[PDB]
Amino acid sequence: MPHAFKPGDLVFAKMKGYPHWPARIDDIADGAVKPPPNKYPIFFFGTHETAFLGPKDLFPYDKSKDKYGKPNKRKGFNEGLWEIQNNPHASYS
């Protein structure tokens, strides 16, 4: 059975106006800005952007990749598909 989300989990993450996007739950570094309550720091592959999202917008990657893991014209998306498949836990710093 599923657990709560934890750092390292792989997802597609939904933001308004954007397609479901390859992403991971990030850790928060010592001294770094913390997310609001009930939100997670989401690192978007390809764009390498971070946004704070709640579980309603987070779709586990294994379950969802058949639906959501297809190329997209949007900037950074195809790079993101490569990262989540091939090195999802690397530093993109």
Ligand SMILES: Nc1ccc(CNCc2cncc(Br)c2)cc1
Second form
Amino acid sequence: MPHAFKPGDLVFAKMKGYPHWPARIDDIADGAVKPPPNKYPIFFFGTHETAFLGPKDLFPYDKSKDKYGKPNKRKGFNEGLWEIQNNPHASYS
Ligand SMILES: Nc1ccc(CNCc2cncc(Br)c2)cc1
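Complement to the form solved without the named molecule: the form deposited with the named molecule bound:
Below is the whole assembly, all chains and molecules, this chain first.
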């Protein structure tokens, strides 16, 4: 059965203006800014940016990869697809 999102979970994350984007649930460092209520730090593969999103915008990776994993022209997208498929838990900073 599913659980609440935890650090390391792999998703596609949706933001307005962008296709569903390969991402992971990140940890919160000490003293860093914490997310708003019921939001999570989302690390976007490829672009290597982080945003706070809620679960309604987070789609578990294996269930959604057939629908959202197709290559496209957006900057960083294809590299993000490679990262989530080949080394999704590595350090990209
Ligand atoms: N605070 C904040 C504002 C906007 C952005 C969107 N940046 C472009 C982008 C990069 N990777 C994945 C996607 Br989807 C979109 C991110 C964070």
